[PDB]
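Missing here: one protein chain of the complex. Every other protein chain is in place.
First chain written, first letter: the chains are A and B, and each begins at residue 1.
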Amino acid sequence: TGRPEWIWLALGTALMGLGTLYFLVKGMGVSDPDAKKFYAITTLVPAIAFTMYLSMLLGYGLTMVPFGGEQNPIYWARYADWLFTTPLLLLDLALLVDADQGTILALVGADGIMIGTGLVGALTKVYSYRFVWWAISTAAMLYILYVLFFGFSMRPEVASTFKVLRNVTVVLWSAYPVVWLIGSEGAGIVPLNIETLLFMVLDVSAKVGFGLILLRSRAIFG
Amino acid sequence: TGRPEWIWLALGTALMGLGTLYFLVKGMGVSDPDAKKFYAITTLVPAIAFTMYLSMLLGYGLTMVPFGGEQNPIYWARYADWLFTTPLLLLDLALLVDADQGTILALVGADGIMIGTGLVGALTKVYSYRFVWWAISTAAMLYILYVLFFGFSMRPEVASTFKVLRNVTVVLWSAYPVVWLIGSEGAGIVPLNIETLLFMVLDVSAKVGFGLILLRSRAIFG
Partner (left out) sequence: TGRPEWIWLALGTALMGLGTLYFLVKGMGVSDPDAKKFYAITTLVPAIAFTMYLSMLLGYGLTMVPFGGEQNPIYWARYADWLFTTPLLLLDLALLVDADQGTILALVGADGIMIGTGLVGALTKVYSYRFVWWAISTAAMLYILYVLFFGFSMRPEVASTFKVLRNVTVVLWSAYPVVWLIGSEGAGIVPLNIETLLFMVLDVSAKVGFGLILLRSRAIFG
């Protein structure tokens, strides 16, 4: 459309759609209950992202936020996506290593706090306070990354695949607060069309790339 | 009130209230943990619907959506209801057959996608796009119905009761996308007062009728 970022929302929509259908077909036939869990979780993630990319593409998931005395285009639908998809991604990791339930609840809840405070930050009209929310969200993120690294006799296959996905997760997720900070939600140093591209690349990598690694491994089978 | 559909919202409120109190009294005394689960799930469903029917009745759960250059009355509270009640209904089925957790997560998540995209569709102001959301929601519904039919040594009692509730579920749930399509959210072929009646009959049947079948069966006891 007239939104220069449309192309990246259209490509992200397509790529998440295609990944969803690929993982859907792929899990057909799986009967191993353990594998079934990883397929469900991992197919749902880009399915949800598909819908929220489409909602941005069609303009539904966009709102205007006044701050710095301008009308700032804020794509709120990203936060509806991440609210569900990031705990699911963490559940994939958590099930892989057979985490304690207390650790899973710590992780999902810290994640909720991460996304929810990112959303408040995204919609806050007092510019300096936006970054207070950014910082609290970032602290939740660092708690999560901490736990993925220092809170965890897995069969070697589990350990191997977990170590790869953990490294994928730390590197990609750590980029999100930077993109937000430099983009239109934060300091406005990078234009929205380039921010939207950055988040498209991260999201497809963190969802479809991550799931391709995971669903290809024997680590998911009993 | 001045809303011709008020009578059907009032009757639905009453019928969901009465079913809630009936199942509440009925489960008094149940000590079998397995039965306790089916009572909790099944009592909660019309309790939630009661509150959302009342919110429509009092006017809180109604908003105006501009599309086709008119101010279209959209009852959004139905989606808050269904967001919680339809996965609970699926959990009842899922527990009955002792489904794998991966299958339960596939089902709840597809359901979330179904209702959430129905909600986006209901609130979308570009008329043609409303039906894009309808179609995606319908595809999620067909996934769910698929799984209820082709994804599942139950004691005979389980199998019998499941087969009945599964048939109830496919027939009633499949009617919802049609009512939406022909009613005020979609093509506007049927007036809101008749749509509201249709959804009242479906909802009471899918909640109170379904639970009467289920809670009467010995299938719910260990």
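Just so it is clear, contacts are C-beta pairs under 8 Å (C-beta built on N, C-alpha and C of every residue); 3 or more make two chains touch, one makes a residue touch a chain.
Considering A:7, A:10, A:14 or A:106, the position touching the chain not shown turns out to be A:106 (whole complex). Summary of contacts with the chain left out: across B:40, B:123, B:142 or B:175, the touching residue is B:40. Only one of the listed residues, B:84, B:127 or B:152, touches the absent chain: B:84.
Against the chain not displayed here, subunit A makes contact via residues 100-103, 105-106, 109-110, 112-113, 116-117, 120, 123-124, 126, 129, 132, 136.
Although one chain is not displayed, subunit B still touches it through residues 33-41, 43-44, 47-48, 51, 54-55, 58-60, 84.
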